[PDB]
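Here we start with a single chain on its own, the form deposited in one PDB entry, put down as structure tokens.
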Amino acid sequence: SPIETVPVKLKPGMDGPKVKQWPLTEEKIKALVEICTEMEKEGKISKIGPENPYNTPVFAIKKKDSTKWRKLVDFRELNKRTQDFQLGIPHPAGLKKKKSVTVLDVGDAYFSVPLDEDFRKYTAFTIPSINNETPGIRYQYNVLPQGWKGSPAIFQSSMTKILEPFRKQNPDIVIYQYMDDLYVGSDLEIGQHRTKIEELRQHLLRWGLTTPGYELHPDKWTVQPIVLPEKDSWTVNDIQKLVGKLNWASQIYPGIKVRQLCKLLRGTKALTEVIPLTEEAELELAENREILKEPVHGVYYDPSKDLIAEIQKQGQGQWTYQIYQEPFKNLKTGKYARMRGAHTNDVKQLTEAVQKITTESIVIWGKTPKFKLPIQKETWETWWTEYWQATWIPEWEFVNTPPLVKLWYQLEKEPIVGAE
């Protein structure tokens, strides 16, 4: 059941992806074998030969509140190589401000639509076999693939139409489509928001596709200030600690000064030695607390530059991050506490963290950050998919955290009591 197809092409000069398949467990090779025999039936994919040398990784995951396996392909490479593109998908600035937002899985839609014959080859993928006892089962897409960037592109039209009536009949609501999802935000209280969302599904369901606490709460995502400690009496050590912090911090705020405190620090005294503050030290300090009570002036997001997310493990289940484009000019920053139950594992906590942060990036600038992760590649590659639950996959690099950038953010402020 095809239509006339829009020709897609690789950016000029590029060649298709030839990425290697990561080894998978029994459990998921089975699940994908099933998933694929079915889709093959429904004409969505088609077996291929050896004459086709391209490949893209695949794997399976289950969403929380999902106990039915879902096939997820890694198209990052294809996407990078895929030409950019009348409906082209623009990002509003309203859901940043909404009282609540709701993400909806509309990946299903694409499978209806055929994909140009000559771009099919580039979508080759492989289900590998245990202990390499068998060759892999190679397939390729005949319809629009989920998680590919061309997909919400091409299904743009159909989508605008499908929606307009909910749109025009409710312009007090925002709808954002970022790949396989639709973010639906409203200020209306939960009653009307939940109920109006359900209605929206029905609106979608009605046209074909099934489209499936959990609610989001934008700009409740405030950036926190760095608060500095306070003691009755300070020791040589507290000052040294405090001073090393500020000296570095002055790369962000150039008005932070450390000379009057450093003065008290001349003289080979014992770390546990208590030192009273000279009235000149006392003010310099009070003067730093102020500069620190707010984010640096001048940081403006630039659409044509990559967004960057850095995370630092803080121990005890905690993590801190910063989104920015230029080092020291952060657009947003925050603290994340481990999800209930991830009490024995870092990779779990970290992927959850990455997912939440990517989401917010999407809501705010409709773009995924490139991540800098405090983890060894091997450790990440071996177990990231185990806990992944999002249709998209952001870019990443593995790094080593400078000890200083860690001490600084630990200093971020927290609720006096919490949220209750």
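By rigid core we mean the largest C-alpha set that fits within 1.5 Å across both forms. Positions refer to the first chain, counted from 1. Compared with the form deposited in another entry:
- Annotation: Cα of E290 displaced by at least 2 Å between the two forms, core superposition.
- Once the rigid core is used as the reference frame, the Cα position of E230 differs between the two forms by 2 Å or more.
- The chain behaves as two rigid parts between the two forms; the smaller one is rotated by 11° relative to the larger (C-alpha superposition).
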The other form holds:
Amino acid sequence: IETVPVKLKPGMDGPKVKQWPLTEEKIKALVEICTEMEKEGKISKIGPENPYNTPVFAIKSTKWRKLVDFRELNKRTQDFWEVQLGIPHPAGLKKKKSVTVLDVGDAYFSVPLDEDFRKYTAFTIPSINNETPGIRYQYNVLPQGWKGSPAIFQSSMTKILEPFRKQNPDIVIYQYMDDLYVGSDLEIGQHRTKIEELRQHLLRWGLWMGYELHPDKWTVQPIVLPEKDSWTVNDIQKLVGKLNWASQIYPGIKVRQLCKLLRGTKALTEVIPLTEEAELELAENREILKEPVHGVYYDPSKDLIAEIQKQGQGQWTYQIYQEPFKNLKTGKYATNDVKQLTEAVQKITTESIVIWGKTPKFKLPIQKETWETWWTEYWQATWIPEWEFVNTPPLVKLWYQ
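What's the form deposited in another entry like, now that we've got the form deposited in one PDB entry?
A lone chain is what you will see next.
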């Protein structure tokens, strides 16, 4: 087994991302891992003639796991892992009754990395109070978290899977990052039985959410128009605002029959009766918002982006789109703000993977530093989606319940 040559391009140099401070328990957790991995020859120490860095973290059960943040490296390797050596996305995956995710990250350790490419995998284990310069490393085998790894490894992956595919051709399998997404329409017992079978196959070679995903029972969260016994002026105003902003997404939303109600200068508290055409306009808008958005389609060349709103009482709402407010999907999520926020990210990112074969750039409603301090404390994923930090317009929070 010899190595696939890799590259960035003539343009773009490698990643020089700073290492975010880690607590003592993790720094220690990371040295145990990095000692074992150096003895096993997977990684090896490095001198400062390597100017590149990628952040590393420790996550989880009782056992720790090393997570390496290859977000910059992926961005700078896109030609390699997407166009040159890509993995196609099956549109059937989302159609399946059940999808089970399996971690096939160990696979990548038994495959050497292009010696010319190893300098771009440098990371630092930092030292408390900057006591020591802190332990520098780089990878010799394929690293987990880098998108090139499955890109390279797919030829060997096909072999491993061939018998299983042949024997179960209505089971669809997708490889993303360190994970196999394996979906079937079998009954839950038979499905699980089939997953255990796939485990054995893998075994012979080297190897939110809630157990298994169930894609076909994923549905849009409609913009909810209340039914209400009695309607006040305020309530109509609120209803008009939703419908005025929904019309910027949904072909056919109408608000005219409701303006008819709000006359000239009424008190907000004043009740007002429910007119016929307003009654119809209301119900006809309702039916529109059940359905997906007419006119909006996934363009694989554009980035997916996700916005999430904190709805209070452990409620979160979210929307995925490529062009602002033109939603490919909207949804919902339901013990502390950051913990939940991180669960929602992971969830939404999973859906994004099952549906379009990539993760969205998140617009997270939280102060940069709070998130950077705490996201890892509850993070369970093998990947890390791209995020920026945004103040939620208080109106948008309102419009999605």
